[PDB]
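Protein chains: 4
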Amino acid sequence: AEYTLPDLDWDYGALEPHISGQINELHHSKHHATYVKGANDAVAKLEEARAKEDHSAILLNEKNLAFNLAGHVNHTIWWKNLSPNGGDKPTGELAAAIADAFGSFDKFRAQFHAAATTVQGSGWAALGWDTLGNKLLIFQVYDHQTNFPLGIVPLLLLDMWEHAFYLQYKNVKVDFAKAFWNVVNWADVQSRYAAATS
Amino acid sequence: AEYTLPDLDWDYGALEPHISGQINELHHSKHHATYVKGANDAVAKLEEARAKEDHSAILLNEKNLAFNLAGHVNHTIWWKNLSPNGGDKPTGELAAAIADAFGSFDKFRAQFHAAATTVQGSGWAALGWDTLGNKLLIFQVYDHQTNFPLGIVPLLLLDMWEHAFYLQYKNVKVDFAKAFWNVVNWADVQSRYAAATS
Amino acid sequence: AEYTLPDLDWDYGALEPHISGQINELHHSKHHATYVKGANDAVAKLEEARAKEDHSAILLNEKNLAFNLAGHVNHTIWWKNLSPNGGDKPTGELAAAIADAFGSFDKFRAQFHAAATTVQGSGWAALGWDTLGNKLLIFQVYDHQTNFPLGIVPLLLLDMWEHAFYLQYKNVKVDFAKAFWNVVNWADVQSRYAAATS
Amino acid sequence: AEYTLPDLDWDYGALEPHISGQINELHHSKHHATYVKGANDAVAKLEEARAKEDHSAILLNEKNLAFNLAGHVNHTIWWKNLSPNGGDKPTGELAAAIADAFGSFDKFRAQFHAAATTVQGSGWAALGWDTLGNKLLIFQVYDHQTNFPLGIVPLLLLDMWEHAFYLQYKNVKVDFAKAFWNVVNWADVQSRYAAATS
Ligand SMILES: [Fe+3]
Ligand SMILES: [Fe+3]
Ligand SMILES: [Fe+3]
Ligand SMILES: [Fe+3]
Numbered sequence: 002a003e004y005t006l007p008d009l010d011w012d013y014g015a016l017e018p019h020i021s022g023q024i025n026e027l028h029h030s031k032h033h034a035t036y037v038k039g040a041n042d043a044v045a046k047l048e049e050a051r052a053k054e055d056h057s058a059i060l061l062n063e064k065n066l067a068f069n070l071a072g073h074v075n076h077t078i079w080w081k082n083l084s085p086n087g088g089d090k091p092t093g094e095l096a097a098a099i100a101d102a103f104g105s106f107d108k109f110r111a112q113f114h115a116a117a118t119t120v121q122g123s124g125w126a127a128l129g130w131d132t133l134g135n136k137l138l139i140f141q142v143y144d145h146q147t148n149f150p151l152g153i154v155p156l157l158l159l160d161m162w163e164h165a166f167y168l169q170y171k172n173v174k175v176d177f178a179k180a181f182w183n184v185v186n187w188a189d190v191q192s193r194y195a196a197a198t199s
Numbered sequence: 002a003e004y005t006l007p008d009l010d011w012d013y014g015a016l017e018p019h020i021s022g023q024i025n026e027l028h029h030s031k032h033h034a035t036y037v038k039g040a041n042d043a044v045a046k047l048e049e050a051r052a053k054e055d056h057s058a059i060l061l062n063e064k065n066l067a068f069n070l071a072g073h074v075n076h077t078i079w080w081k082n083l084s085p086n087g088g089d090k091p092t093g094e095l096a097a098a099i100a101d102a103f104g105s106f107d108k109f110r111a112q113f114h115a116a117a118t119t120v121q122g123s124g125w126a127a128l129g130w131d132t133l134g135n136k137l138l139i140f141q142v143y144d145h146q147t148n149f150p151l152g153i154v155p156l157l158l159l160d161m162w163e164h165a166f167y168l169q170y171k172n173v174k175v176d177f178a179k180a181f182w183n184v185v186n187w188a189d190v191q192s193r194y195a196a197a198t199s
Numbered sequence: 002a003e004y005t006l007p008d009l010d011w012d013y014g015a016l017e018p019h020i021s022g023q024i025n026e027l028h029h030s031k032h033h034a035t036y037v038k039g040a041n042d043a044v045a046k047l048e049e050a051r052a053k054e055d056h057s058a059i060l061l062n063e064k065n066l067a068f069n070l071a072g073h074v075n076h077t078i079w080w081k082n083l084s085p086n087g088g089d090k091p092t093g094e095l096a097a098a099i100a101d102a103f104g105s106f107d108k109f110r111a112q113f114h115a116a117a118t119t120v121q122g123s124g125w126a127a128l129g130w131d132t133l134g135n136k137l138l139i140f141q142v143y144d145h146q147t148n149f150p151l152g153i154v155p156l157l158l159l160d161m162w163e164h165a166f167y168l169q170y171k172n173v174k175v176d177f178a179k180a181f182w183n184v185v186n187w188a189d190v191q192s193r194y195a196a197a198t199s
Numbered sequence: 002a003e004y005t006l007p008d009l010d011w012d013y014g015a016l017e018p019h020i021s022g023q024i025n026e027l028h029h030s031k032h033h034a035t036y037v038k039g040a041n042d043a044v045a046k047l048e049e050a051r052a053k054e055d056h057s058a059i060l061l062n063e064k065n066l067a068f069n070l071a072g073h074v075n076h077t078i079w080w081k082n083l084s085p086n087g088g089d090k091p092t093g094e095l096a097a098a099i100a101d102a103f104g105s106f107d108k109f110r111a112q113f114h115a116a117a118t119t120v121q122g123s124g125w126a127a128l129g130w131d132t133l134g135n136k137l138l139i140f141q142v143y144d145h146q147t148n149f150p151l152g153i154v155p156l157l158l159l160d161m162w163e164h165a166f167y168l169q170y171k172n173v174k175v176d177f178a179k180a181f182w183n184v185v186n187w188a189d190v191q192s193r194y195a196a197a198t199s
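Residue numbers (UniProt numbering), protein chains in the order written: chain U, 2 to 199; chain F, 2 to 199; chain H, 2 to 199; chain Z, 2 to 199.
With the rest of the complex left out, here is chain U:
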């Protein structure tokens, strides 16, 4: 249906001291809400274009759709990938899947950390499942909608946009990327992997 702003499963300051409540608030109620509106409007402008049978602005409408919808999609998984009861390491299948796919959980951690801290502009680090080769792969996302193939199922995202850590970490993006591991909700990622493999 219409896109909507999801409700957080924890209080804004439940991730402190890893992630400030101040950022979580602005991030959620300001930033994320902006993409949900942008996604809904994009879908509405396209409805109109088809009705009036005028696609002179197709490029703009398609960019707005992809940008906002991807913005919305990314943030939705981001809030679920975070937990106050998080951290530690993944267990079972997922733990086994990550070890076979990246050699070790530490090697996986390293690659994810490097993809997240070397983005040139806004972006993300993403762990996803490739349906084609049936493999767990890490992708370096540019902005919200670029640098990955179609049909990839996202499992774990790390928001590398400046607004995700600036207020707190300032320019030191690697301290924020290291902190992230302390609030990862592996139960949600395990659930995602199980759904992707089935």
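If you are wondering where the hints come from, they were derived from the structure by calculation, not from laboratory data.
Hints should not be assumed to be uniformly reliable.
[Said to hold, decoys possible] Subject to a maximum C-alpha distance of 30 Å in a straight line, what follows is the list of computed DSBU-like cross-link-like pairs (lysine-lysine): (1) 90/Z x 46/Z; (2) 171/U x 136/U; (3) 90/Z x 179/F; (4) 38/Z x 174/F; (5) 90/Z x 136/Z; (6) 171/H x 31/U; (7) 38/Z x 53/U; (8) 46/U x 53/Z; (9) 46/U x 136/F; (10) 46/U x 179/H; (11) 53/F x 108/U; (12) 174/F x 53/U; (13) 81/H x 174/U; (14) 136/H x 81/Z; (15) 171/U x 179/H; (16) 179/H x 31/U; (17) 46/Z x 90/H; (18) 31/F x 31/U; (19) 31/H x 174/H; (20) 108/H x 136/H; (21) 136/Z x 31/F; (22) 136/F x 64/Z; (23) 81/H x 38/F; (24) 46/Z x 136/H; (25) 81/H x 53/H.
[Claimed, not checked] Partner residues are not named here, just some residues of chain H that face chain U (Cβ under 10 Å, in silico): (26) 38; (27) 79; (28) 118; (29) 121; (30) 196.
[Stated by the list, open to error] Pairwise CB distance ranges (calculated): (31) 188/Z x 136/U: 49 to 55 Å; (32) 136/U x 176/H: 29 to 35 Å; (33) 48/U x 182/F: 20 to 26 Å; (34) 132/F x 31/H: 53 to 59 Å; (35) 96/F x 7/U: 31 to 37 Å; (36) 133/Z x 31/H: 48 to 54 Å; (37) 38/U x 92/H: 46 to 52 Å; (38) 30/F x 54/U: 38 to 44 Å; (39) 48/U x 30/F: 39 to 45 Å; (40) 96/F x 172/H: 43 to 49 Å.
For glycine and all other residues, C-beta sits at the position ideal for the given N, C-alpha and C.
Assemble the complex: chain U is given as a structure, and chains F, H and Z with the ligands must be docked to it using the hints.
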């Protein structure tokens, strides 16, 4: 396992005169095979990097992975989306789904056509299924890996890279985009749509 | 010689309250300095590649060079486009050129503002001289190095990367885009325009 | 005034057999012409936008402006960089400048070639003059307006868009990149170089 070049379901000149056998031979045996090799190589360079604990070239590795795997994925669906006993219009769920999401089939076709012919460089037009919103949406893909969100399930793709139409239609790509409709394998799209909703 | 981090022609807090001294400090000593080190590194990397006759990482070296040199080029102009004893309005040559190119300073200001506040990720708003058509145009720059032609002479830049106003304005980027006009150094732009027309 | 399609300084088939007369007519008369009209169209919509005080499509107008203006700029220099009486090596200042900046003319050829043949989608190889560092550098241009800094003076360009060699070289882009050195108009590049360092 390794990414592999899928075999075609028809002889090279099965789609004539809409699509030349000459283009299909080169397209398949040269272009597509090059992406498969690149995808496998990218995955191999990442294995090496993790083994050496050296991610100085993570940006390059991640770009080579996304570019080639996306090229491989895009072309694997392309070949299945085409059929000499194709053309017509979709039927069943797909027909109703398309009609109930774009107004009509013709309104869908007009938008797809507009997205396919206004790309500013290499790209594709794509019919995808959004899992968060549960909507059928059209996206305008730049290159192979850009301008769309994560989790989108591709249903129907239209390759708008110059090599896909140049030998036959030269600079008149809108003529190639029109001919495309005569060879679409709706049985394949219907099949992908059923799996995406199930 | 190597690229260098230029000195500010004013104290870090000279722009308050329009732009905080804390942002100016970080911006200058941390961000800008990073691009200078990155362009020098890219340049050296290419020297070594040429000496070793090995261009296996040509894509990465060209990307690192473009991104960091453009980051360095944009910030260098940005520092010079600001002044504590500036803002308000341009005169003589450019004042006439701007009204002729955009109808009025106010119409010019509105499009500049619109270009600055609608970027989809990190970017800039830029006023440049097109040598080919001998026209004054405004460009919407993506990141540091994208969305503009070769040969464009930059005259006035507005940094829209989140790190440019986040600490102070938070998510309200239009309030920062508006406060920018109070510190523009018209003399510097006026000077860049005569040289471009020369 | 308006942007115009420049006339070629030679007959369409004057570059044979290095570059077909067929590709030259299509390239010039069809492709280049579209970029000229697209740039003039973009400039007009922006005039209209300013008149109606409506910048709701500013992202689209700025992208169409950049893409087409860049398309037009790149091809104008392309026609001038080619010559039937071309080839050989650069002499005088330029020769010494290249050797000084790249080690040798052959080390320059190798880098330029690699940059040209590794583009992931549409792009160009370009030799430019960096006004800031006063350095001669090679950039790997994506599409027509991406992957290079502002203020860069283009000297020599190599069109790597598929429509530039497909009809004749098919998928073998490296054979076309090699053939290129046979029609390079060093008299033009030397002239551009003198103007840039002036
Ligand atoms: Fe975010
Ligand atoms: Fe293709
Ligand atoms: Fe900045
Ligand atoms: Fe071209």
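A quick look at each hint next to the structure:
no.	hint	result
1	90/Z x 46/Z	violated (44 Å)
2	171/U x 136/U	violated (35 Å)
3	90/Z x 179/F	violated (47 Å)
4	38/Z x 174/F	holds (18 Å)
5	90/Z x 136/Z	holds (20 Å)
6	171/H x 31/U	holds (10 Å)
7	38/Z x 53/U	holds (26 Å)
8	46/U x 53/Z	holds (20 Å)
9	46/U x 136/F	holds (15 Å)
10	46/U x 179/H	holds (28 Å)
11	53/F x 108/U	holds (10 Å)
12	174/F x 53/U	holds (25 Å)
13	81/H x 174/U	holds (27 Å)
14	136/H x 81/Z	holds (22 Å)
15	171/U x 179/H	holds (23 Å)
16	179/H x 31/U	holds (20 Å)
17	46/Z x 90/H	holds (26 Å)
18	31/F x 31/U	violated (48 Å)
19	31/H x 174/H	holds (21 Å)
20	108/H x 136/H	holds (16 Å)
21	136/Z x 31/F	violated (38 Å)
22	136/F x 64/Z	holds (28 Å)
23	81/H x 38/F	violated (49 Å)
24	46/Z x 136/H	holds (15 Å)
25	81/H x 53/H	violated (39 Å)
26	38	violated (13 Å)
27	79	violated (16 Å)
28	118	violated (12 Å)
29	121	holds (5 Å)
30	196	violated (29 Å)
31	188/Z x 136/U: 49 to 55 Å	holds (54 Å)
32	136/U x 176/H: 29 to 35 Å	violated (46 Å)
33	48/U x 182/F: 20 to 26 Å	holds (23 Å)
34	132/F x 31/H: 53 to 59 Å	violated (40 Å)
35	96/F x 7/U: 31 to 37 Å	holds (33 Å)
36	133/Z x 31/H: 48 to 54 Å	violated (21 Å)
37	38/U x 92/H: 46 to 52 Å	violated (41 Å)
38	30/F x 54/U: 38 to 44 Å	holds (40 Å)
39	48/U x 30/F: 39 to 45 Å	holds (42 Å)
40	96/F x 172/H: 43 to 49 Å	holds (44 Å)
Comparing the model with each earlier hint shows violations of hints 1, 2, 3, 18, 21, 23, 25, 26, 27, 28, 30, 32, 34, 36, 37; every other hint is respected.
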